[PDB]
Every structure is written in structure tokens, then in C-alpha cells.
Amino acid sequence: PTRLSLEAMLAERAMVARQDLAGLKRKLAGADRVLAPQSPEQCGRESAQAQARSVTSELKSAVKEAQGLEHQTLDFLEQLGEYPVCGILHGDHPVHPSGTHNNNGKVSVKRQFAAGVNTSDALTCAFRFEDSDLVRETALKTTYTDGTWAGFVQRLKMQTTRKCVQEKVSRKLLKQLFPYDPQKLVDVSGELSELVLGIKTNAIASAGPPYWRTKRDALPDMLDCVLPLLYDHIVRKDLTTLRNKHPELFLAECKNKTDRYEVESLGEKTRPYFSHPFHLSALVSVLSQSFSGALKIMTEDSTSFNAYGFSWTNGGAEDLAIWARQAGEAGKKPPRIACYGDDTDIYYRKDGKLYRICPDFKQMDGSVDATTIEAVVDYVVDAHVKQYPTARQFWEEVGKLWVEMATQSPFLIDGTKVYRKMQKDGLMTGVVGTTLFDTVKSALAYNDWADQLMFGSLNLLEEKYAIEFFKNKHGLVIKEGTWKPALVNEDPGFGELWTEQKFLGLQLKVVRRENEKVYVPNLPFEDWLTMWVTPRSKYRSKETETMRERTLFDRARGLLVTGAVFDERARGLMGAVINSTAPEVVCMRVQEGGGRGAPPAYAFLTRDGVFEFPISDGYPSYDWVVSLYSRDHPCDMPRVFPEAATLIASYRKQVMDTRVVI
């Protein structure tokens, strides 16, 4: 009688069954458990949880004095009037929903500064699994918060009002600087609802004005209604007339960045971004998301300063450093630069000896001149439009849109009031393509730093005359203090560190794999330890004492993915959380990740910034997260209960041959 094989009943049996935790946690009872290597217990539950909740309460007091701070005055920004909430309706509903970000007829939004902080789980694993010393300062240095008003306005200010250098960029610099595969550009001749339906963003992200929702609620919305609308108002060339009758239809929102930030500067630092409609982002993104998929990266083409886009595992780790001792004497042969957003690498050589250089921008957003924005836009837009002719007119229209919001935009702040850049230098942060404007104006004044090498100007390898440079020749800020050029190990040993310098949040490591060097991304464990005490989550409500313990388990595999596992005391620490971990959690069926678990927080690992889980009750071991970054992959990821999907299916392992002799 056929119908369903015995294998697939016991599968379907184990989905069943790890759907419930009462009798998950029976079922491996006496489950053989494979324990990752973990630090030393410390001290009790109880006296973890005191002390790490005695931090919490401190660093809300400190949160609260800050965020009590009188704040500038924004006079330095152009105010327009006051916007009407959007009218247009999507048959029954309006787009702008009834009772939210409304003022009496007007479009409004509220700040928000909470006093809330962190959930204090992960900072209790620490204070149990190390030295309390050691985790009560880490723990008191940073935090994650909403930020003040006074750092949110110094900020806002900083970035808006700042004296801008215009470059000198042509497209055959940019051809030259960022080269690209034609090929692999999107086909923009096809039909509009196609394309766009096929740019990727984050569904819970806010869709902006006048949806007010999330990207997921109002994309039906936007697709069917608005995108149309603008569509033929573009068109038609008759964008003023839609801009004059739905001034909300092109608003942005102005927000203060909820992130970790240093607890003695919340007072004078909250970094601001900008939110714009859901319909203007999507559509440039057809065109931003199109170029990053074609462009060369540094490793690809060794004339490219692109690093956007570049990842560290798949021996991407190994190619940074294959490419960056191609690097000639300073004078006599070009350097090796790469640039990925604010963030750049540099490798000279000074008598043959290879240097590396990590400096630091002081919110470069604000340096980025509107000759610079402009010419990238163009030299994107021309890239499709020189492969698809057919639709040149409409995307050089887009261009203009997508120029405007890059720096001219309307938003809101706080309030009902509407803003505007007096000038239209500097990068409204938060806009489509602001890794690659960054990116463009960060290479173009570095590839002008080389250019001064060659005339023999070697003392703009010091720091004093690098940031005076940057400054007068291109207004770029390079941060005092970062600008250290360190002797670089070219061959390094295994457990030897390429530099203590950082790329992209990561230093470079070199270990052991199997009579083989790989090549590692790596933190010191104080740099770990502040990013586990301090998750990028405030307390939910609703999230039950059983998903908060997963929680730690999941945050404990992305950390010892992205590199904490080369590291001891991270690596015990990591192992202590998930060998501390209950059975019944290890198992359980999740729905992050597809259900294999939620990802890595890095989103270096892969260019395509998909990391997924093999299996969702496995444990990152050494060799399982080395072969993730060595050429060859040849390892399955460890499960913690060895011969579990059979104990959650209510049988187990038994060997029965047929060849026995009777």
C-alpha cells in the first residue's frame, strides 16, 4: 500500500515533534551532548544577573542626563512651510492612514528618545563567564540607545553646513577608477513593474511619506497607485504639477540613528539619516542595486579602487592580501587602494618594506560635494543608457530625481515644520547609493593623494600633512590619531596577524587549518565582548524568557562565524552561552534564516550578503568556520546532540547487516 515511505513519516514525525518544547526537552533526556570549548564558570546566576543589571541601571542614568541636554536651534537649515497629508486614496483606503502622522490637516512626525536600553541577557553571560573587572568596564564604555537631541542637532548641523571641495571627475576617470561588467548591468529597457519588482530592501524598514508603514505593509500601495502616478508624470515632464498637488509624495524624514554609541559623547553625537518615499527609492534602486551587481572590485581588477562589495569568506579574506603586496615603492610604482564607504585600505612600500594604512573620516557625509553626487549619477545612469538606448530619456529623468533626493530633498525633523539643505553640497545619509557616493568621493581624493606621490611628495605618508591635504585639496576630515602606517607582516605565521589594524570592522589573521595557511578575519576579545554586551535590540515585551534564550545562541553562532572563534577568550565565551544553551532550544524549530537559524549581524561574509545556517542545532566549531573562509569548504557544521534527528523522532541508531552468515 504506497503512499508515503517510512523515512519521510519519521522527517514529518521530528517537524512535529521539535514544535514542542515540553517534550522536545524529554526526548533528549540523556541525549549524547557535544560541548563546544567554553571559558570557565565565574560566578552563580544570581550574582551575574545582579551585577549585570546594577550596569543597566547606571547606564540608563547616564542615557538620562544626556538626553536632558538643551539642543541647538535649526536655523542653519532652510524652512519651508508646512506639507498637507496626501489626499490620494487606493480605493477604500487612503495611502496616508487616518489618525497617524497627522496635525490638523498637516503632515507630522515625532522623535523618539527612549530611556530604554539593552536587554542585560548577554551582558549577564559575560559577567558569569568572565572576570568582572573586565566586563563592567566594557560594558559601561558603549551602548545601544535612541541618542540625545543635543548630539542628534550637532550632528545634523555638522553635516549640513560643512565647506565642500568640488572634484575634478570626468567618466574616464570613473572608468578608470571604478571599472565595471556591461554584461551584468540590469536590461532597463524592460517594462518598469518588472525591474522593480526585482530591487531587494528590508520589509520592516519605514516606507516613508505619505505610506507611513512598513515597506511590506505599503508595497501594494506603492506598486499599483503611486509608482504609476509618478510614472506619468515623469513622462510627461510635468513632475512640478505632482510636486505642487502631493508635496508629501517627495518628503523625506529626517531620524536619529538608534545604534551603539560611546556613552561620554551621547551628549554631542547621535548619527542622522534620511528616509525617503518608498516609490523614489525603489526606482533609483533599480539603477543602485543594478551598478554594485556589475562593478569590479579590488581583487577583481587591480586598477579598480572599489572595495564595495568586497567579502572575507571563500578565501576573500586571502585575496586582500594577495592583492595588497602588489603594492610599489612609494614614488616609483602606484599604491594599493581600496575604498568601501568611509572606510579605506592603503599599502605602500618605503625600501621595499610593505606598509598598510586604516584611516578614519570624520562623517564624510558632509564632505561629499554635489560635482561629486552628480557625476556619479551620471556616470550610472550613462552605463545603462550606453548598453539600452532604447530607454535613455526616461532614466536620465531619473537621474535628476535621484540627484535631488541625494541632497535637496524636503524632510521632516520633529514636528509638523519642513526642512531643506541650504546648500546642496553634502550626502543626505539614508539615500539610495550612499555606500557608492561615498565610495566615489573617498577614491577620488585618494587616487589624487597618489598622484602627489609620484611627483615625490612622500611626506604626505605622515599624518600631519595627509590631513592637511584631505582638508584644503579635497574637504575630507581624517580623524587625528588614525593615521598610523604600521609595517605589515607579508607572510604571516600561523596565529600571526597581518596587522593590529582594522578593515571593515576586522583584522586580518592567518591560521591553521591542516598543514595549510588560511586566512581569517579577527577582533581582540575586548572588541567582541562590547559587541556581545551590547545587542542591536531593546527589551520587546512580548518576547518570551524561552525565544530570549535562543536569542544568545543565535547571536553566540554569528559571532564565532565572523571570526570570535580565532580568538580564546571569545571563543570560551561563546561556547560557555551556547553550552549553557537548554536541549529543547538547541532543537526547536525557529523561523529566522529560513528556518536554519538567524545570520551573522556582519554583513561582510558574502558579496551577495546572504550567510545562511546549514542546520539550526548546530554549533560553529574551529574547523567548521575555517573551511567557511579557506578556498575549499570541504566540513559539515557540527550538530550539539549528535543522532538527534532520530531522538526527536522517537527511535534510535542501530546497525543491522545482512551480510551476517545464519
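Residue numbers count along the first chain shown, from 1. Under this definition, the rigid core comprises the largest set of C-alpha atoms superposing within 1.5 Å between the forms. First, how it differs from the form deposited in another entry.
- Taking 2 Å as the criterion, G68 does not count as shifted between these two forms: its C-alpha moves by less than this amount when the rigid core is aligned.
- After superposition on the rigid core, the Cα atom of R631 is displaced by less than 2 Å between these two forms.
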Contents of the next structure:
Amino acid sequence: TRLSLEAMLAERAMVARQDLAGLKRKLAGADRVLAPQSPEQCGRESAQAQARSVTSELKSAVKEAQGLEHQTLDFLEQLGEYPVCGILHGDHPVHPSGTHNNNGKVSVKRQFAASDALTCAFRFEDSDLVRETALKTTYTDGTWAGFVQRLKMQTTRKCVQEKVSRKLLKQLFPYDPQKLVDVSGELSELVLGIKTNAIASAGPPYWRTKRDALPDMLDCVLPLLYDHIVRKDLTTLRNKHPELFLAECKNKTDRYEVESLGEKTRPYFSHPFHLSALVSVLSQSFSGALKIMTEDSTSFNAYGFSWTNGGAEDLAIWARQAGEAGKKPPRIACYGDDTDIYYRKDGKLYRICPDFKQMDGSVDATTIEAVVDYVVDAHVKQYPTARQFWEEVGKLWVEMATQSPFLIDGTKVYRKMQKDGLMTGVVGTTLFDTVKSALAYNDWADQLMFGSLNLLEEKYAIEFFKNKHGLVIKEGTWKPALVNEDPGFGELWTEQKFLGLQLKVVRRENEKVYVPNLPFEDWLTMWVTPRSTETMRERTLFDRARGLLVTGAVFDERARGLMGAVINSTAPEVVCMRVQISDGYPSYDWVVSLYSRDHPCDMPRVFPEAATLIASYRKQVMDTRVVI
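Output block for the form deposited in another entry, input the form deposited in one PDB entry:
Shown next is a single chain and nothing more.
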């Protein structure tokens, strides 16, 4: 009741942005700063019909592939059935009563189920292109057949142990010791500091979101785990409550090639919240301290690299200092299985952008153990009072990464027969892949110095990584290319992709700004396969179009036109409504600014008078000093 008028106006503002009908009415006359758009190609009805037709074909293709028989799970170790956890937190079990329980045994059921975006594509683009694009890739749960095949490939690959030491990791993966979290502090506070996905599964035995399981984890399971860690008593705990150390093997819903649905569906592992949270203390602290290649010339690390705020140009600057192959250091930087390589032949700069196939399967136990050691050691050198505890956590970490028992479908509990091979989904997954990859390329570079310059060639490179590192180069990814070291306006560094994107130079006045880029076809693939009321659907179209523009679609003339069309199609009320109000849009100029070294600024408003129109008030200066 008793409120200042200023405050009252603010309250009215918030409330107003929730009333769609009122927004629609107040914005109805407003000047709209339209995005650049390409013209319509056909009407709603035709576009919907074409979308329906494509969706219908995809649905049958997916349903057929999902119907395929899957091969036996004999390649895994069998450990029988596990009893459901009996642990109570107050008046309820930590494992909910009616869930994931077949006659007292833990059970799971894999889901393999069978577009607004697609309609937009047909509305604004050539039918044949949209149709062939939409029929090649689909966002899907995948297939049993594909799931099991990839699982086998991930769990039974012949690996090679890397030759690694702390000295070598210090060189390739330098970090700032002062940025490491003081893990000598009290454990509860440290755990409370970790970030996570609130709606991700908390794993066994919570069988609900991390948000829902949080109290059960912190108040009940974590102290129990701590007590048993510090008393060297984990085996008692494991035997009495096996579900506390159980993972779930899941099929990843993803953008999969329709052609290969029955051969390829990615598995990952969801671990218990209490274990992942504990390991995250070390892992997230270490991530925060890690340098990237653009900050330290010895680092092979791109885990942490950003294209924005000069990053794209930093990559180029870093790359150019690469030396003559066999004489001076190349420039190599790794992010998981994805690597950018620069070297000179007769002073000319070359680039390779190779990838590894099902890489996690090739990550050897030595590399995993060395990475855990390096992270643990980094912390205990800086905070020595807590050495023993964190070494124990180190052991759990390694176990989760290599040997965790797991469910797939039903009650049968499996384990990977060999220790080698990374259990994708463990905390630190990406770091493990990055390190394995970097050790291999570090060895590769050493061999160049010893004179073996034929390792620059596809044939010998593929042989080398297979034989010497147990790593499989993805077909067609070893294609050295002459780099455009100083690109012209609108020209590319090379046609190759690193971290899914090409590097290009665009003009601003007479300056060159380095920005990400892809051909239209790639942007279109992303557009028509979203990674998923009428109002929320309309708003999602708006948001996805903005996102793609920002990522680099704005620098492709056809993609920019498509995204702009979608943006301009979004009703004013949907643009301006309160959301989890973002009523700006990525203009070309703003996106260029984002990738440049400019100070951060807000996206331009779609409706510049929205604030005042929504409030039904535009301030007018009234001077109290006037002569009367």
C-alpha cells in the first residue's frame, strides 16, 4: 500500500510484461527495428504440408532403425542384480518407494522414442535444399542396435599406455596455483561451492533431479561417505549399500545421421550425486586455474577457449608463431578429440584439423591415473594439510572413470572388463580426453624434431596415432591446408573447422575483425534439428534464431536472412514478455562487436520505445524555476 510513486511505476512495469494481451495492445503502434530478412518463398499452408511430409519420412526411418535387433551384452562383465538401497533420510527412503525397483532389485528402462523450425525453413528457403537437409540428420534418442554397437566399441578397444609424468603435464597443461580453491577448508562449504545442472539426474539411489535429491545427498549420504572414506572403510559401505557406487549407462539423445542410426548411438554414464559432487570440488577448481594455449606458449590446452572478445583473433595470432617443421615448435591445441595444428614448410603456414573416432574408448588407464594425480597433486602442493583426504577422493575418481559398475536396461549390473577406456560422463571427462589427445600430439611433435617429417602426411599420421597411441583418426580429417595468414575482408583463414566453426575476417570501417563462420547448409541443419503452449513455441523460435545469429549465422547471407525472417515473425508481445525480459536482437554490428575486443554492451532493442509504451509514461521535463 504505502509506496513511492517511482516504486509503484516499477511494480506496474514488472506486472505489465506478464500480460500478453496488454503488451499486444500497447505495442501495436510501436516502431520496430526489424532484423534483415530474406522474402517469403511460400505460404504457411504449403510450408506446413512440406514439413509434415519430411517429418513423416523421418518418423518411419527412425521407427524402422529402432526396431532392429541389438547384439548381446556378453563383452561386459556381469555382476548380478543389486538390492535397492535401504537408506532412510528421516521419514522417507533415499531411493523412492515406487521407482527403479523390480522385486527389491535396482532396475532402469532405456527410452527410445520416435517441427516449427522446419516449417520456417520451407517458408523462407528452397524446398529441395531444405528437404534434403532435413532428411540427412535428426534429433533422436537413437537405437538399441546403435547404442550397443557404440557401447562395445567404447568398452573393448585395445589402448596404448601413455608415457606421462607431472613434469610433462606441467608443460602441456600449465595452471595458476593461486586460482586453485583452498581444499584444506571444511568439506561442506567446498561442496556447496560446486556448480551443477539442477535438472540432471542425481543417479542411484536418488533417482530424481539433483535439485530434488540435494538434501538427501548433503545431509544423509555425503556424511556417511565421508565417515567411511576417513576410516578406510569404503568396502564395508560398498557391500552393505551397493547402489551408492552404481552408475547408469544411458543413450544420448543427439543429432544423428539418419543413414547410420542403427550403427551409432552415443552411450554415457550417470553417476551418484555424492560421488560426482565430491570429485567436482577438485575438477572445477582445476578448470578455474587452467591456462589456455593463447595465454601460455607451451600449453596444448583449448579447454577454456572463447571465440568472443578477441578470442578468434587470438587463435590466429597464436597460430602464426608456429615454426618450421623439424626445426622449431608447431602450434597445437586440443579440446577433447578436436585439435588445431599449425606448422611451416619452407616458411609457409599449414593447418591440420584432425578428429579422433570414439575417443573415450582409446583413453588408457595410465592417462586417467596421471590426470587425477596431476589435479590432486596440484591442490595438495598448494594446501598440504589436506593431502590424505583428497588422495582418497582421487582413488574414487579413477574408479568412476574406469570401473564403475552400471545398469543399462533391467536389473543386470555390468562392468567394463578392462580398466582402459574412459566412462564418458564421469566428472572430468573432457579434461581426460583433452590430455590423452595432447600427449599423442606432443609425441607426434617430438618425432618431427627427430626428423620424421613424413608424419605430416595422412598415411603415416594415421598409422602413427593408431600404432603408437591407440587413437583412430576420423576419415578425411587429416588434410593439411595452406593458411591465409593475413586474410582479406570476407575471406577465410582456411575452409577447415576447429570447434565446429570456420575462422573468417569481416570488415569494420578499415579494421579487420576475426569471427566464426559456417556455410548456409550447416546453419540450416542446426536450425531444422532443435535440441529439445503456442506462446512458448513462438518464443523458442525467436530465441533459437537469436542464438544462431550470435554463434555466427549473421556472417552467412542466407542464414542471416532466415534467422531475421523468424525474428521479424515473432509478435511484439512475445518479443517483450517476461522470460526465464530479453527484447533485444543480434544485429550484424553488435555481433561483430561481440567477437572484437570492444567493451561488452547490450544487444539493440527490437522496440526502442517498449519501456515507455509498456509503462504508459514518457518522462517530460517540467521545470520548477520557470518565471510565471
